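Asks: Fit chain A with the ligands to the supplied structure of chain G, relying on the hints for placement.
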Amino acid sequence: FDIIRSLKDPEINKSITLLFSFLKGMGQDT
Amino acid sequence: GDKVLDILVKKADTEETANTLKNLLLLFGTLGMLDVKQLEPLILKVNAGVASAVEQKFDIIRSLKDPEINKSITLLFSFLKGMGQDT
Ligand SMILES: CCCCCCCCCCCCCCCCCC(=O)OC[C@H](COP(=O)(O)OC[C@H](O)CO)OC(=O)CCCCCCCCCCCCCCC
Ligand SMILES: CCCCCCCCCCCCCCCCCC(=O)OC[C@H](COP(=O)(O)OC[C@H](O)CO)OC(=O)CCCCCCCCCCCCCCC
Ligand SMILES: CCCCCCCCCCC(=O)O
Ligand SMILES: CCCCCCCCCCC(=O)O
Ligand SMILES: CCCCCCCCCCC(=O)O
Ligand SMILES: CCCCCCCCCCC(=O)O
Ligand SMILES: CCCCCCCCCCC(=O)O
Ligand SMILES: CCCCCCCCCCC(=O)O
Ligand SMILES: CCCCCCCCCCC(=O)O
Ligand SMILES: CCCCCCCCC(=O)O
Ligand SMILES: CCCCCCCCC(=O)O
Ligand SMILES: CCCCCCC(=O)O
Ligand SMILES: CCCCCCC(=O)O
Ligand SMILES: CCCCCCC(=O)O
Ligand SMILES: CCCCCCC(=O)O
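Keeping their order, the protein sequence lines are chains G and A.
Under PDB author numbering, the very last position in the first sequence is 157; numbers go up by exactly one each time.
Residues 63 to 119, 128 to 157 (PDB author numbering) make up the second sequence, in order.
Hints are computed from structural coordinates only; laboratory data are not their basis.
Beta carbons: idealized from backbone N, C-alpha and C, even for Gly.
This list has only true hints and no planted wrong ones.
The calculated PhoX-like cross-link candidates involving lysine-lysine, where the alpha carbons are at most 25 Å apart (straight line), are:
no. : chain 1 : residue 1 : chain 2 : residue 2
1   : A       : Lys135    : A       : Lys107
2   : A       : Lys151    : A       : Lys141
3   : A       : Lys107    : A       : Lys119
4   : A       : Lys73     : A       : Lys84
5   : A       : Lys119    : G       : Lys135
6   : A       : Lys151    : A       : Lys107
7   : A       : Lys99     : A       : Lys141
8   : A       : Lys135    : G       : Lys141
9   : A       : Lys107    : G       : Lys141
10  : A       : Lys135    : A       : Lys151
11  : A       : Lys151    : A       : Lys99
12  : G       : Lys135    : A       : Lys135
13  : A       : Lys72     : A       : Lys84
14  : G       : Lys141    : A       : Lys119
15  : A       : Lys107    : A       : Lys141
16  : G       : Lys141    : A       : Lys141
Here are some of the chain G residues that sit facing chain A, going by a computed Cβ distance under 7 Å:
no. : residue
17  : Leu145
18  : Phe147
19  : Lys151
Next up, chain G with everything else stripped away, as it sits in the complex:
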């Protein structure tokens, strides 16, 4: 039940967006 409540957390949302930006950056087409 923790993940559903956590996804709505603005801090968690921003942090996971940062991790997904990290994920996008790696494996770049270049």
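Replies: Chain A with the ligands in isolation, oriented as in the chain G frame:
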């Protein structure tokens, strides 16, 4: 010098210090076992990813459609498949 060595061994002889030195040697051995020739592209990708993350001054659904994100997560899943190989 005998007193110095005595102090050194009597302080070190604790199991914590012996475990610390043993695990340092084991860490060196494992880092030697780990192959780094393939790890240089991974380091470059990590550099690019950290740069993109620090560049940023409902997200996952939009991100999954990103071709870059899709390819990157496919690479991570290939990494996940490679580890724990049946061999
Ligand atoms: C008409 C309206 C009907 C209901 C209307 C709908 C009822 C359900 C509403 C949605 C519930 C989940 C929402 C989304 C949760 C967050 C997004 C998500 O999916 O996040 C996956 C993550 C798993 O963790 P990850 O491994 O991905 O973690 C990442 C890395 O691994 C970390 O390192 O969180 C979860 O799974 C938590 C949810 C658990 C399952 C939810 C469904 C169970 C019950 C369904 C049936 C109930 C009875 C139905 C009776 C019919
Ligand atoms: C008839 C048509 C009906 C609608 C028709 C459908 C309406 C919904 C469409 C689908 C929405 C999600 C699609 C899939 C999203 C991406 C895949 C996924 O699942 O990715 C899990 C990840 C969780 O992150 P992870 O922890 O896994 O991260 C990994 C590591 O952990 C990192 O390190 O993203 C999310 O959960 C984002 C989605 C949040 C929940 C979506 C549902 C909420 C609302 C449902 C009810 C709405 C009202 C319904 C009213 C009835
Ligand atoms: C539809 C919910 C039925 C009751 C489930 C109770 C346990 C939910 C999960 C709690 C947990 O993950 O620790
Ligand atoms: C009737 C069910 C209420 C569930 C409220 C859960 C509160 C604790 C959530 C876990 C947390 O705050 O880290
Ligand atoms: C069905 C959507 C109702 C409105 C939800 C608004 C918040 C969505 C989550 C935004 C975030 O994770 O930062
Ligand atoms: C979208 C397809 C190209 C993105 C992934 C390219 C980086 C993986 C290969 C890197 C390398 O050959 O060292
Ligand atoms: C209406 C919701 C707006 C969400 C904006 C999220 C940040 C977008 C810009 C990201 C950045 O480049 O810092
Ligand atoms: C009416 C709702 C429009 C949502 C558009 C969200 C744009 C910002 C998404 C976050 C990002 O670009 O990183
Ligand atoms: C599909 C079942 C075998 C895959 C996992 C095998 C590796 C795990 C054990 C490795 C080891 O014994 O050192
Ligand atoms: C349909 C209204 C009742 C369910 C809403 C639950 C929201 C919980 C939350 O904010 O995480
Ligand atoms: C059914 C059409 C309207 C919903 C489509 C939303 C697509 C959003 C996206 O491309 O991530
Ligand atoms: C009435 C219960 C709906 C599903 C809730 C699932 C959850 O958020 O753990
Ligand atoms: C309209 C019913 C909404 C149930 C889902 C709630 C949630 O997962 O935040
Ligand atoms: C009309 C809204 C459908 C569910 C959207 C869920 C999401 O992508 O965050
Ligand atoms: C036909 C309705 C599609 C809703 C789901 C959209 C998405 O999650 O990309």
